[PDB]
Amino acid sequence: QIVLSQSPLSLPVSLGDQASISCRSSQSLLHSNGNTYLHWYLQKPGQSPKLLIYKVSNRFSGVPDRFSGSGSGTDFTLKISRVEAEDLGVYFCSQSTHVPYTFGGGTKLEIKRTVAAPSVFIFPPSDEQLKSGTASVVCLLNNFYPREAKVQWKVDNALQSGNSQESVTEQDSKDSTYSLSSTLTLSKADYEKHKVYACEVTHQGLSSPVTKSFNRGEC
Amino acid sequence: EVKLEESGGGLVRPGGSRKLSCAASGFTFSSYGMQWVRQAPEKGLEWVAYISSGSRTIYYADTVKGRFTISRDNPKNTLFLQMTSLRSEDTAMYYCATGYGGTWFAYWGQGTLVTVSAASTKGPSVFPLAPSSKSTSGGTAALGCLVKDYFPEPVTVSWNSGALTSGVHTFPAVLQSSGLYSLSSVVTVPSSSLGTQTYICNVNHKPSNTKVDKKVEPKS
Amino acid sequence: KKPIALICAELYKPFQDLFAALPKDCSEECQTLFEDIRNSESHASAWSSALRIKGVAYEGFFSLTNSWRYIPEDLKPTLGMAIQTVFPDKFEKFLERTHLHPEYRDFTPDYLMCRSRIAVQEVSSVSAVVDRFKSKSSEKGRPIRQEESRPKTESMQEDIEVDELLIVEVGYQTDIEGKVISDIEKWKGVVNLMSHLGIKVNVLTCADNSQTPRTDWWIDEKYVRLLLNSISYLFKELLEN
Ligand SMILES: O=C(O)C(=O)CC(=O)c1ccccc1
Ligand SMILES: [Mn+2]
Ligand SMILES: [Mn+2]
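Protein chains in written order, with the entry's author numbering: chain L, 1 to 219; chain H, 1 to 220; chain A, 610 to 727, 781 to 903.
Derived from the structure by calculation, the hints contain no laboratory data.
Ideal Cβ placement from N, Cα and C applies to all residues, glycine included.
Be a bit skeptical, because a hint or two may be false.
[To be verified] Some chain A residues judged to face chain L by a derived CB distance under 8 Å, without partners named:
1) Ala781
2) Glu816
3) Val824
4) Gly860
[As the list claims (entries may be wrong)] Straight line, CA to CA, 30 Å or less: simulated DSSO-like cross-link-like pairs of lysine-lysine:
5) H/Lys122 to H/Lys206
6) L/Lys131 to H/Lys219
7) H/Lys134 to L/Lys188
8) H/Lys122 to L/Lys131
Turn these sequences into a full structure, and let the hints steer you where they fit.
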């Protein structure tokens, strides 16, 4: 029942700077055999995890030497001396001193870039979907940084809740931005009852919240 | 080279059962402990089970005790996980792993997806997200495809049979209350190419043998 | 109606078969005990001498069956002697934690072995002994008790070896269940202590009696016949007269 507490949850860091990730244990990881089974892994987006450091400070064979680990007892640290683009991903600590083997919650390492305001686009429902009895209105926030952003739907200036869902991409490996989709789904009958469909986007790269809208019967 | 290859994933009804295998090569399998780790979608890693080289010592995470069995066949270089009384919370990518000399996870397989759900397999409806003035920024237009209500998860999206990759964003699926998934794929292209370049999103859903090719055109 | 010395006469051949098969030191101690029975003036003397040879002979056959060295009681290591020699870096702490239970230091099991680190005997594998005990218990329904020290909830490891002890209690008495229950109760406290010292120990206890089918004992069947034809009959003839 060892609990591993990672900090920070997310770490933005500029290319070439150092990163330092902490892992605290709820009890000591010193085994009676004298070894300390605290290990560090990196999971790149869409790949399986990879071992980096085993037993506190042993770099796994072939792992770049910008990675190192230190600590003892209940306090441990993974350092990346000089962050590279390929280091984007989620870092986990894990212990195998006690059963059950347990993981930290993960630290998301984020590549710092300059602020990028989202381009905001809106797509009315297609005619095919409309013929099927449903209407999905999609709002797209393209290529923005940092990730924090608020997206809300207003139909005839009435705020919507319970009928929209959003999804965010991983941080792009080439340009380090995020993209975000928000999909408003209405019944056909409810859709054909209103005129203006508006996506309202707040982001620190914008001088003020942006409302992107269309009128139903307009082309 | 050390390699671990899982198989046996797929779709299981709640309460059902499934046996995963992991084939190991490139090291003397029978001298080393082996492990299963899992990761639920968009969540962190979760250790599942350990088995010593000679099968003498077996450990289990408490969330699978009395339901999962770990075993191995040393002459066949094969690790097993027998899953029973499966629940929706067991939906995860399942990895087999080994320390090749210790209890850490030095080598990992590519993983195999187990989806525990009573939803029935279903190909997606694919709808165009047509470029318009509401999706144009300067000399750039955005367009895309809404890939709605499919099951189970694995769906692949490409554009123009993969020739178009620059500016493509395919969003992670969302599990809907209905028990199905939906996602969209978008791409920004030069507004000058609308009317001259054809844009087709290619949607492949292998669990249902559904392949869809949807032409996205400017709406008139 | 038979004199005790005459009882030993009738079982000359059974007891000569027994003495020839036991380990040397075991055979000698049993032989002396047998002459004590032959020259026993009282009925309590004979019975008490017969009981010792029941225990000593069976233990000799336990050593033969398992290819372990038979150890006379006088040469048997205590627990403290084992901690002193196998875990010398932890002996001082072993003493401090046994202040309130000093009799722990003097517990003397039938077999006190350690894993070959290459008077505590050494064995090739502790887990192999534990597994073969667990197998016969699972296969033939033979009651055992079995306890392994474990600091906190530690996992075993594959990257380093540690020294370890196997503590084994055996016996030949009617109440098989009661023997293993009391044995593991005696040793539980020291298992718990061992856990706090980071010392790996396994404790095994088992028992046979004369009603255990001859194929099912903890000793080879051939040894079962030698005991039943000698020491067991002697107990029957002592009663009748
Ligand atoms: O009966 C057994 O199973 C014993 O192992 C007994 C034992 O240790 C002992 C020690 C000293 C005197 C008499 C019996
Ligand atoms: Mn004894
Ligand atoms: Mn005994």
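Evaluation of the provided hints:
1. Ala781: Check failed: Cβ of A/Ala781 comes no nearer than 26 Å to chain L, outside 8 Å.
2. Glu816: Since chain L brings a Cβ to about 6 Å from A/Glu816, closer than 8 Å, the hint holds.
3. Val824: OK, holds: A/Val824 within 8 Å of chain L, min 5 Å.
4. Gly860: holds, 3 Å
5. H/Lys122 to H/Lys206: holds, 10 Å
6. L/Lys131 to H/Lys219: It holds: about 16 Å lies between the C-alpha atoms, which stays within 30 Å.
7. H/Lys134 to L/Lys188: Cα-Cα ~21 Å, so holds.
8. H/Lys122 to L/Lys131: holds, 20 Å
Hint 1 from the list above is the single one not met by this structure.
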